[PDB]
Structure formats: structure tokens, C-alpha cells
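Each chain, written out:
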Amino acid sequence: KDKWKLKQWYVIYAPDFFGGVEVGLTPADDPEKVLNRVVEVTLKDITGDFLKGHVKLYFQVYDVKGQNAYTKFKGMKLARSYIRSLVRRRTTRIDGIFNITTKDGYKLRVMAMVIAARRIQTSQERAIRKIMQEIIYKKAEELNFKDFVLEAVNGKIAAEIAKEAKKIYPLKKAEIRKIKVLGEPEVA
Amino acid sequence: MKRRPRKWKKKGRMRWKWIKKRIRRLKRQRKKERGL
Amino acid sequence: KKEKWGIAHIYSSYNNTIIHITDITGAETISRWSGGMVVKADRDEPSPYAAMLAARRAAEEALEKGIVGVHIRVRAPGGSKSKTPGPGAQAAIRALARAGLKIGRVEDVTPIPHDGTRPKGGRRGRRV
Amino acid sequence: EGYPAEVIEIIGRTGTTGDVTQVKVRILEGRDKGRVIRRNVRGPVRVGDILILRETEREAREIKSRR
RNA sequence: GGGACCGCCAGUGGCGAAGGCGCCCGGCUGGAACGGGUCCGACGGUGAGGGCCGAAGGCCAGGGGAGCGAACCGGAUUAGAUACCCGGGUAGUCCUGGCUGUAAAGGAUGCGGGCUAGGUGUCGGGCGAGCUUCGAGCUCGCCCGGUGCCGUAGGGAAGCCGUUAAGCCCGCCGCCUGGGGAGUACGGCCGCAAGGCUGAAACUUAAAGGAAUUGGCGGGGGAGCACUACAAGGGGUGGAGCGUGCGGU
RNA sequence: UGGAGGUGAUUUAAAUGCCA
RNA sequence: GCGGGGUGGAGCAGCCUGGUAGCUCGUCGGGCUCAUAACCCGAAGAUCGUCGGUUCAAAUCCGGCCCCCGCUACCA
Ligand SMILES: [Mg+2]
Ligand SMILES: [Mg+2]
Ligand SMILES: [Mg+2]
Ligand SMILES: [Mg+2]
Numbered sequence: 011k012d013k014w015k016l017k018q019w020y021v022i023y024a025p026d027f028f029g030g031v032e033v034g035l036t037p038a039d040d041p042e043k044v045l046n047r048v049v050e051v052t053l054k055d056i057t058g059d060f061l062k063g064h065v066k067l068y069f070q071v072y073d074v075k076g077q078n079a080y081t082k083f084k085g086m087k088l089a090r091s092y093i094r095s096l097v098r099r100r101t102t103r104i105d106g107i108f109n110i111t112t113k114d115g116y117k118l119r120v121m122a123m124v125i126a127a128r129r130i131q132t133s134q135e136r137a138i139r140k141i142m143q144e145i146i147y148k149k150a151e152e153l154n155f156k157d158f159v160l161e162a163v164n165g166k167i168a169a170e171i172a173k174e175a176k177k178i179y180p181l182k183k184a185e186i187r188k189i190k191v192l193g194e195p196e197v198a
Numbered sequence: 001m002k003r004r005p006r007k008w009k010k011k012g013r014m015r016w017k018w019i020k021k022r023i024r025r026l027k028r029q030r031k032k033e034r035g036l
Numbered sequence: 010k011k012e013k014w015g016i017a018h019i020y021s022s023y024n025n026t027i028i029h030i031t032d033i034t035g036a037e038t039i040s041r042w043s044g045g046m047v048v049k050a051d052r053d054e055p056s057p058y059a060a061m062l063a064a065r066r067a068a069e070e071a072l073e074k075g076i077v078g079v080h081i082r083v084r085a086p087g088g089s090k091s092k093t094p095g096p097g098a099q100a101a102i103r104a105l106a107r108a109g110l111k112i113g114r115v116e117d118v119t120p121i122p123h124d125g126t127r128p129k130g131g132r133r134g135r136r137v
Numbered sequence: 005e006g007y008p009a010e011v012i013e014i015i016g017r018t019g020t021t022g023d024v025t026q027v028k029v030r031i032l033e034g035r036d037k038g039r040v041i042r043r044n045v046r047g048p049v050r051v052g053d054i055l056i057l058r059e060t061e062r063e064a065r066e067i068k069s070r071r
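Order-wise, the sequence lines are chains A, 0, M and X.
If you read the first sequence in the deposited numbering, its first letter stands for residue 11, the second for the next number, and so on.
If you read the second sequence in the deposited numbering, its first letter stands for residue 1, the second for the next number, and so on.
If you read the third sequence in the deposited numbering, its first letter stands for residue 10, the second for the next number, and so on.
If you read the fourth sequence in the deposited numbering, its first letter stands for residue 5, the second for the next number, and so on.
Incorrect hints may have been included.
To be clear about the criterion: a stretch of chain A counts as covered by chain M if any three or more of its residues have a C-beta under 8 Å from a C-beta of chain M, and this derived list gives those stretches [as the list claims (entries may be wrong)]:
(1) 48-57
(2) 101-107
Subject to a maximum C-alpha distance of 25 Å in a straight line, what follows is the list of computed BS3-like cross-link-like pairs (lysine-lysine) [said to hold, decoys possible]:
(3) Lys7 (chain 0) with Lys17 (chain 0)
(4) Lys13 (chain M) with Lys84 (chain A)
(5) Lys82 (chain A) with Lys11 (chain M)
(6) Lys82 (chain A) with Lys17 (chain A)
(7) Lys166 (chain A) with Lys190 (chain A)
(8) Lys11 (chain A) with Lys92 (chain M)
(9) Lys10 (chain M) with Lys15 (chain A)
(10) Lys75 (chain A) with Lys10 (chain M)
(11) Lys188 (chain A) with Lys92 (chain M)
(12) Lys17 (chain A) with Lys111 (chain M)
(13) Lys66 (chain A) with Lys92 (chain M)
(14) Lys43 (chain A) with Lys11 (chain M)
(15) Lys111 (chain M) with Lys15 (chain A)
(16) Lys17 (chain A) with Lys74 (chain M)
(17) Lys13 (chain M) with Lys54 (chain A)
(18) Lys43 (chain A) with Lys10 (chain M)
(19) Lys166 (chain A) with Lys188 (chain A)
(20) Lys43 (chain A) with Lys13 (chain A)
(21) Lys111 (chain M) with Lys66 (chain A)
(22) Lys11 (chain M) with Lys13 (chain A)
Since the hints were derived computationally from the structure, they do not count as laboratory data.
Backbone N, C-alpha and C fix where the C-beta goes; we use that ideal spot for every residue, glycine too.
Can you make the complete structure from the sequences, with help from the hints?
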């Protein structure tokens, strides 16, 4: 059918900071329409080594220049079955939800999680949480936006919470889980 | 109603809840019904 | 490149089943098939048989327009109701690949609430 | 239409009147030709017969562990 | 754009006088356990009448009305079905100031003190040895506190309790004295209402109630059968006239 | 050895019975 | 001014579209249970008020007569 057979195959790009690597094919007629659809892909597909298979990412387009939608970051999500495989009995998860902003002004909301080895009472728990918020605050003052999203999802901050939180009690699989954007700044 | 719990046993009788409700429909009466 | 791809949402139930074959971003539908379209009886509206039939015919459409391989997204009504998938899952996905379209990442996206709203019934259940 | 498949094991008898029979057989030819499936048959059967079927994709429904 | 709960870790796990109490951060705030060659100097137990708190439900107003929804309107089901099933939907649930003071409010066990075997986990604290990525960590003993199970002396009609007595000793308190008629009657006391606290008698009957023991049964669960059971097959009676046995007249 | 607790499930239409 | 059905013991179905009164409660009787009721099935059962017309042919379309008769001229 023409309604079908009048479509037109635009292409998407990885956002610039990841290094442009093409992903996906999308059909559409007129360039005014496909400007607020979103994408999900893994990390493995964009220069990804397998063992980062359980990471999941999001871009939203922002422009249509002649069969090219250059994307823009939107968020990041982990695999629900994956974390489901961590929280078992006698484990006592630890939650942390935080608001930060960035040098260049992007303000974001992150939700990072730890898991101890045993059960522990709060007065040896909440300190962990305070420690996480601290060693993230300091972090998010020196970095641009694009670079911040780079290294957390690279898998880097984990190796630091899983360093200064051990100094209270031994633990396993410390890391950040989901990242959602809030707005975008006025400058530039 | 100053309960007496030997009656709920439902042995050779009827439920208690649904007897209370019916005694109300007569105390409300002999109070209202020209008991003035 | 030349890799045309797409996403198939598959929505199950106790009472019917639904297949939705879509573009990559998910906003542009391609082909839609149900259970109430092929078979008739309402005993077998949930059978695996209608599941297969409609779920082969779905591929038999979306295979011409250009879709090649597919990712899967399975889902139950969930939410404020039952959390169990219908038995039609392997009634579609076992047979879908058998229709020649490839397979990529496969996942269910069952919606669960953190203490959602009130279920039906109430203090005595579906008192059959 | 004429597809034959070969019986390679009898597994049990189900049916409200003890009539069907759980029997894991192998297809011998076709787009499958080598996949071994699960079906219930009617009549008497021996290990080593040559059965015809007509769908090669039905995947009969499981039993209560044969016992 | 809204309104209403805070999933999985979650533990005979903690906290409270009892009802209750579970997303996160800052302030305010009561109590208990532990460790203490600290201080005051019998200052205590109970408690009639008295005084406070007290899930849900109803009601006074004002706000809020997502989902859930007696009342109420439909289709079903049915011998009927004002009940079970289904599609809708008023009051309520929700927020502020109130009166109501009702529960299987159940450890169905009031509250304080002394004593009388041993075993076995687990939360807090502490003391002692070991390790230890040296961490506010991980093992193992021993002392004092709450929460669990098995079981001696003894105790009970037996279910069963066993230092968290239903054992043995010293205190104070409230109720019960066949069963119903009955929590009714008449009278007073608080309530805005609905109702709540106090509570007899005439007469009628020979017993109602508890704990365990065999068996029958179960539209309870397992094990195992049979052509007077079914499945799979073969042949029939019921329908005609007649032989022959009962019913009845 | 025996339980002692918890989460889910748990099925059409099936009324009644002199006399010693 | 009219105008309607003119139907088995009972609801009257069915009427321009034309050949089987058409099912349903009830009456006889036969089945299942141990026995009853529910449940099942054969039977009885009027044959369209009635004289007609139209109609090869009928309630079926149109009329004589008559059964019972159901709506005929209200807001201080
Ligand atoms: Mg008593
Ligand atoms: Mg007193
Ligand atoms: Mg039923
Ligand atoms: Mg009978």
C-alpha cells in the first residue's frame, strides 16, 4: 500500500561522544515527523565487548539532515533479570538516589546500588549511603556532561565506591544502575 | 450487648450475629412504639 | 549496512493474544494480528493453535515489506492483575523463528508496580 | 500430506479412557529431518513402526512424568 | 494532568502499656537493655469509686473525590434465586476540628517476688582467645538481657506445661455457682444518632457442655481392582403378534 | 526423627427421606 | 368517526411472504434414582367465530353476517 509504500528509510547515528557508529533503520515520510522518537540499543552493538552485554542505552534524535538523524543522549538502564540474579536471601541491598548537576549545566538524577555480603543493621548501613553521596558529589563538579556519562557507563565509578565503601564492610558488585536526564541548560 | 460466648457454638441453634440484628429491630420498637 | 530490522511486541492473556510487528524505534507499525481474527470458538481463543496460525501469518506479511530479523518483547497484562504469562509464549516464539525471521535479544517487559493499586475481588476472592 | 516419522520410544498412556500414548519419535525427512519431538498416538504401536503425521509442528502437551 | 499505597531484602526479625508501627534526608521527642568500688536512704505491690488511650464502622460539619466500591440499574444461573458469576455505578475509603469508646480487643492464660535438671538456635551489649584485604571484618568460647523448639522432677479429666509453668511457697484484685425464657423486662445514668454501662422474676426441662476411643461416611488425599465398570469390538431387548410370570379389576 | 510457621493456588448444574 | 383478535384445557405464537395450527404451561403414559421432586420422551390435544369472495391452491389477499367488545371532544 502507498501509505506504507510512500515511506522513506532514514538512518540513525550513534551520538557524537560515543563516536558516530550507525545503528538502525527507520521509515518515515517528511522530516518534520521523526524528530521525537527514541532508540534503545545495547552497549555491545556500539563498540561493545561481550561482557558488557547487560547494559542498555538510550538516544533521542534531535536533527534531520538529509537521511541522517544525529542522536543525543537520553538515558541508561540495566537489565532487570540481571540484578534479579543478585538480591537473594541474606544479602541486604543498598539503594541510593541522587540529584546532581554538571559543569556545563546539565542536571541529572541517578540511582546507584550496592549489595553487602550478609545482613547488617542500619548504623553500619546508612554510613555507606552517606559515603556514596559524598564521593559522587565531588566527582560531578569537574566533569563536562558528555564525559560524565562516558565513564560511569564505561564502568569506572564502580571501582571507587567499591573501594571507599569496603573501608566499612566487605561487599560485592558495587555499581550504578539507571540514569535519567532532567533538562538542558540555557547556555550554548 | 454484654456478650455471653457460649452461644456462638452454632450447635442446636442459629448464628448469633443474625439474632442480635433482629433483637435490635424490636428494642428500637418498644422504645419508639408508643413507649413514650 | 543493508540490515533491515524490527521489533515484535507480543501481548498475552488468559482470553486472547496479540502480535504487533513494528519498526525499530517502535513508533511505526507494520503488521498487526490478533486471536479473534482467525479462530472462532471462545474456548480456544487462548489455545496455542490460534497463536501459531496468526503468528505465522504475521511473519508472512512483514517478510515482504523488508523486515529481516527481529527483537522480541513479550508482556502479560500484569500491572494490577495477574503476573503470569499466558501459555502462548512458546506458542509464538518457538514458531516465529520457525518462520525464518532471525532472533536477537529476547526479553519480557512485564509491568510490575512497587505497591500499586487495589486488586479486584476483595476480602473473599472470586468466590466460585 | 504423506510425511513419515519413525517411532523411537514409547513413554506412556494418557487420555480419560486410557487410549492415547506418549511416544517420543523422530522425523525422518523434511525441513526438519532430525528433530525429535513429543506426541500422543491412538491405537497400538510397537517400537520400530513407521508413522505418518500431517503437521510436523504440533508438539503435543506434556504428561505427569509418565506415572 | 492528576490522585492513592511505598513491591522483592523481610528474618517464630526488631519496636511499643494494648490497639499498632516498614521509600529517603534534616530538626524536635519518650522508653528499654547493657557497662558503672557514682548518688539519694524504704521513697514499695495492688487498687473500690475516680481519670486518661483505644483498628475498622456510623455521625457533625468543611475540603478531596484515581483505583476499590454495600446501597441501586442492567445480563446471566436457576423448578425459584431478592444469593454465588458478569457490566455499570450512590454513600464511604482520602485531607482539617470533632463526638462515638464497639471486636475471635485471642498467649482464648490478670500483676509483682523466691526457688526447683540438662540440651539446642537467634537480636543487643560486653569480656576473653584466634585469625584477618587490617574493615565499624570473620570464627570460637563465657556473663546479663527479649524472642523460638525438643524434653526430666512434678502437675492435669486429658489435649498437654516444663526457669517466658498450667510446679512448690508469701501478697492484693475482679468475676462464676444446672439449662432457657435473657442479655429481654420495668427504673436511672452519659450519647446529637445509632447505641453503649447497671440488670432481675414468673414458669418450662433431666440434662445440656469438655477430652479422648473404635467404626461408617466425605461433591477430603494416597495405594489396588473387576466385561455383572468404563474404553475397544461382536450380537441385541425397547417398537409388531404369540407362549409364559406378576400388577390390578 | 516429628513438625512448626508463610505465599499462592484450589472446578458447570446435583433439593429431600414413615414404622417398631 | 371508529376500530381490534376473531387462537387447543391455559401464553397465544404464526397474517402482505400460499399449502405441515406453532411452539410453551398444563392431562394420560413410558424412562432414569432406592423412592420422591427436578430431569427425558412419545400421546392426547384445537385445526384459525362463521357465510363467503379473491386464492391450482389459504389465517395468510378481500368481503356478508355476528362473539367479546378495546382507544371517541378537561390545564385555576
Ligand atoms: Mg466459657
Ligand atoms: Mg475499681
Ligand atoms: Mg458451580
Ligand atoms: Mg419421579
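We went through each hint and held it up to the structure:
1. 48-57: holds (count 3)
2. 101-107: It is violated: at least three residues are needed, and the stretch 101-107 of chain A offers just 0 whose Cβ sits closer than 8 Å to chain M.
3. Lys7 (chain 0) with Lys17 (chain 0): holds (10 Å)
4. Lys13 (chain M) with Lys84 (chain A): holds (24 Å)
5. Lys82 (chain A) with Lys11 (chain M): Holds, at about 23 Å.
6. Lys82 (chain A) with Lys17 (chain A): holds (24 Å)
7. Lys166 (chain A) with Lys190 (chain A): holds (18 Å)
8. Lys11 (chain A) with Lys92 (chain M): violated (39 Å)
9. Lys10 (chain M) with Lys15 (chain A): Holds: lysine 10 (chain M) and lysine 15 (chain A) sit about 21 Å apart, inside 25 Å.
10. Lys75 (chain A) with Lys10 (chain M): holds (19 Å)
11. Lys188 (chain A) with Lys92 (chain M): holds (24 Å)
12. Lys17 (chain A) with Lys111 (chain M): holds (24 Å)
13. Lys66 (chain A) with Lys92 (chain M): Cα-Cα ~24 Å, so holds.
14. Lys43 (chain A) with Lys11 (chain M): Since the Cα atoms of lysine 43 (chain A) and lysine 11 (chain M) sit roughly 23 Å apart, the hinted pair holds (cutoff 25 Å).
15. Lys111 (chain M) with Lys15 (chain A): holds (24 Å)
16. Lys17 (chain A) with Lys74 (chain M): holds (11 Å)
17. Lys13 (chain M) with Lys54 (chain A): holds (19 Å)
18. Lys43 (chain A) with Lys10 (chain M): Holds. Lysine 43 (chain A) to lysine 10 (chain M) sits at ~24 Å (cutoff 25 Å).
19. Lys166 (chain A) with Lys188 (chain A): Distance ~15 Å between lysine 166 (chain A) and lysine 188 (chain A) Cα, so the pair holds.
20. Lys43 (chain A) with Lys13 (chain A): Distance of about 15 Å is within 25 Å: holds.
21. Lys111 (chain M) with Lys66 (chain A): Given that 25 Å is the threshold and the Cα spacing comes to 21 Å, the pair holds.
22. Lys11 (chain M) with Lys13 (chain A): holds (22 Å)
The structure fails hints 2, 8 (numbered hints given earlier, in ascending order).
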